[PDB]
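We begin with a single chain expressed as structure tokens, specifically the form deposited without the partner chain.
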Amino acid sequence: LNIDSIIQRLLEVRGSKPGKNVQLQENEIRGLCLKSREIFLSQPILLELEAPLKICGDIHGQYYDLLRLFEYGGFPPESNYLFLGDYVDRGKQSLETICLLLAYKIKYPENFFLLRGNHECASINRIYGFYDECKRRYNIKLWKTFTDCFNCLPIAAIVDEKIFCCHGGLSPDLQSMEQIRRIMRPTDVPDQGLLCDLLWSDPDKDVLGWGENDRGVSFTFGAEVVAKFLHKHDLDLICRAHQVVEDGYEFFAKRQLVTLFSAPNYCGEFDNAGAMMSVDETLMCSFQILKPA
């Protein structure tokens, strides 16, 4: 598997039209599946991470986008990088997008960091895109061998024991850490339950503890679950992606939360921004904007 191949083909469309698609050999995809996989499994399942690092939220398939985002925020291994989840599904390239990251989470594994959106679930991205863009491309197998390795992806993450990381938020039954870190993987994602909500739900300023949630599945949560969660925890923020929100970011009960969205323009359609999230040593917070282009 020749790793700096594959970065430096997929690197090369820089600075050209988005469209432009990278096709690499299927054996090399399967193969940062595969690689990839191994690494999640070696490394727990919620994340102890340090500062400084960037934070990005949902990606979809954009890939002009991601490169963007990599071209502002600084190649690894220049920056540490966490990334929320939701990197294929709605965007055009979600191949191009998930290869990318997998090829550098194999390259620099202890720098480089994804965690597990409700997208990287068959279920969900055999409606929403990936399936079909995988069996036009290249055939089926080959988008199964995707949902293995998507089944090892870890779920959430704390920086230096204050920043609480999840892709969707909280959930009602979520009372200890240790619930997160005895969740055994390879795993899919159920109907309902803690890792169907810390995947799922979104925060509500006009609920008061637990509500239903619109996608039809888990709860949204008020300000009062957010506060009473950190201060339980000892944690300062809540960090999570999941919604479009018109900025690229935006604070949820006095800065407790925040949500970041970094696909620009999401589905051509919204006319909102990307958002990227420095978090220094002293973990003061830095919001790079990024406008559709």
Second form
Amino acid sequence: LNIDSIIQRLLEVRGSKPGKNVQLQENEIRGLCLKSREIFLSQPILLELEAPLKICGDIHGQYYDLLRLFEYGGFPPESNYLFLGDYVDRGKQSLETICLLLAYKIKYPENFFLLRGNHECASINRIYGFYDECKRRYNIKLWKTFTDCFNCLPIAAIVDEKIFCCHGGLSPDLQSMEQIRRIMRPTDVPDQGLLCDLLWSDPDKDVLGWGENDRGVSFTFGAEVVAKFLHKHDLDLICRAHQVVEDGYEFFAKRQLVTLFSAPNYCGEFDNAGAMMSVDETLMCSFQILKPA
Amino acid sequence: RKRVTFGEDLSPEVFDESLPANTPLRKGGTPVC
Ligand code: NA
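Could the form solved in complex with the partner chain be given as well, to go with the form deposited without the partner chain?
Below is the whole assembly, all chains and molecules, this chain first.
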């Protein structure tokens, strides 16, 4: 597995008319999956990270936008990165997107981090594009290899004991961080419970405590739940992704929670910028916005 | 002790969807300590 060669081939399209494919060999992609899987299992399921770092929300196969985000934020290892999940589905180039991200995880294992999103799950990415993309360009066996890899992704991160990061949101089940640590991998995403909620829940201004989530999975949670969670755990901020937000980032509950969504003009359907949150060594957080003309 | 604070707004990096990823239309602001 020649990681430098793989990265070079993936990045060769930075100067191309957008939309061009990069077709790695199937065995190379299998190698990315297998080596990254080993690394994910060797690191905690609840990551403990230190600033400075840049935190990104959903990418959803918008590969050229990922390249634009790295151009703005600095390509690894110039900046340390934490991604909050949702690398695949919806966009046209899930394969290039996840291959570049896994390649960077292998190249910079202590400076580059990927969390699990709700789309890094076979039952979801079977229907929202990734299975079809794998079948068309490669084969179903490759899709199953990705599934085995995704089943090993970590599911939350805490930055400097102050910023709690996950793809979806809080869970009524989450009382102690050790509950996250005790989750064994590989695992699928269950249809309910703590891991499900960390990938699926959403904040809601109209909910008192915990409420219905009309995704048909997990819960909504209100501002008071956020405040109580932060106070209980001596945290300052929840950083999550999972919903399109017009400006690329959006605060909730008097800046106690922020949503990041990093795929601009999502699906060619939404009027949104993408953003990442840059966290400096003092935990001063800034938003770098990638905005379509 | 470290505590979360928020920095000044940064002007966006503006891009044209039809242009290469290595040629942004306008460079966005970058944070400094
Ligand atoms: Na901790």
